[PDB]
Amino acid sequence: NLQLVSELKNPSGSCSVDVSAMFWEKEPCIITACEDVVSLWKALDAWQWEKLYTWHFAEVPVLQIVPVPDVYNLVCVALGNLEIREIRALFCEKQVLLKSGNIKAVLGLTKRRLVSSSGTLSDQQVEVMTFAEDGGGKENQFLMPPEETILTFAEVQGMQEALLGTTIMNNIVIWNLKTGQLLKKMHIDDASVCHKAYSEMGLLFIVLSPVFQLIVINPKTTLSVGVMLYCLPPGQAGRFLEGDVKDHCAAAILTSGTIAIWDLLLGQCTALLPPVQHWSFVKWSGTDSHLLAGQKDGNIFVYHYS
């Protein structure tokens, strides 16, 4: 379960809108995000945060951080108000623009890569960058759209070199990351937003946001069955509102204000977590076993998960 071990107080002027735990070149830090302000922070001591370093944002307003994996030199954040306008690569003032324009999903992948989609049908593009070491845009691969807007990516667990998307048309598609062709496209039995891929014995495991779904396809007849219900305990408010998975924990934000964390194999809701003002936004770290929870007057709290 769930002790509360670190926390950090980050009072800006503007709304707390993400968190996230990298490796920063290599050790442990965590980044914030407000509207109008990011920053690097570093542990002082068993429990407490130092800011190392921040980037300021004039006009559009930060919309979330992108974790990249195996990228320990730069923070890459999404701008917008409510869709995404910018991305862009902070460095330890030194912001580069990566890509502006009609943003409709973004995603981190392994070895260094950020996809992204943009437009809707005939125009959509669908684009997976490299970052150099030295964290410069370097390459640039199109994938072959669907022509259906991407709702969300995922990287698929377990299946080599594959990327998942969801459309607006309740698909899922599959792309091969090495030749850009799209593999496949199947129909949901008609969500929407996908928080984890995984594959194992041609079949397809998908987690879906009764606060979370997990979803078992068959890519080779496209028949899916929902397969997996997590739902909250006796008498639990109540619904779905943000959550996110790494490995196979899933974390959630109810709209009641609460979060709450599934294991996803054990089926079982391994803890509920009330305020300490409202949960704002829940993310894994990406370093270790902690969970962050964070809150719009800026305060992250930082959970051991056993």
Contents of the next structure:
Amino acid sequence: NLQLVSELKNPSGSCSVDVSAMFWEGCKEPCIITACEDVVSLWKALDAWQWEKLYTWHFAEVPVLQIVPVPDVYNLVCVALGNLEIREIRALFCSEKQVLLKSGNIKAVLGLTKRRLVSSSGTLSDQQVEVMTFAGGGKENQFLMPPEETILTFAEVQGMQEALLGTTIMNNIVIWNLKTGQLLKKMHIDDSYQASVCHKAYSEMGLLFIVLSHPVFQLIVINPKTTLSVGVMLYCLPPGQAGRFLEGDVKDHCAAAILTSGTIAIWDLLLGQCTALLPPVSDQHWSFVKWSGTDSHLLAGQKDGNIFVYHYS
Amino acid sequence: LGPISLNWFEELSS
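May I ask for the structure of the form deposited with its partner chain bound now, the form deposited without its partner chain having been displayed?
Let us now look at the entire complex, which starts with that chain.
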């Protein structure tokens, strides 16, 4: 269950949109990144419960939309800017400075293992899919074969290397080989439900395990060789619990969701049970949720923008 | 009888 362990108030006079936890740098140390529309800050632990701001980066014109975590990168922070759709992706680093990484009609973006960042733009025959690498500066850009169906989300497949998954506007799932750039397979998912947003994908025994969001989450099991979907697991709110899925995050085998309620709900994905509820503190509905990438914590944020950090065990 | 292939990935990559 959930133990409130620390917290972060960020009276930034700007709407808070996202948070994430990463290791920074001459030594790995767990930090928290907060993003508001017009400012992004890096924070370190002041003591057992308090956080202090170490760096800040400012954005005028186009508002910050999300943080984009990149596994195995500790010397910069990537963010996506845009009012609704993504227009730019920037890298923030230190004395604070920033670099424009990509610019245009961006539809989807995902940080990948080993310092890569994948993104896609356009919609059809115009679609491009690109994976860049950081050393770290703009080093390589490999195109991937586009499915010419708008990509809605990426997910790196846990349990293999070099497999990348996408979902498309067509309710299709695509798999690429990250090494060759090849599009290996396209597979339609029952025309609903339906999703659209893949939170996590796993490979085990030649089967694909795919977590989507609606029943608050769905696990679809697909045989990649036949293309056929082989079963489906449901994650549902307990006996009495109002609320529909609104957004969420999955780390390893845990899933968190912000419900239309305003409550956050948690599942262990192995077992399928809702392992905790977390009502809004005060009257402030939870605005975003993210698992910590450095440790065993759940980050829950309000537009306020106060962040509450819980210990999961 | 939907066959499962534990090597589907390198297979298609080949």
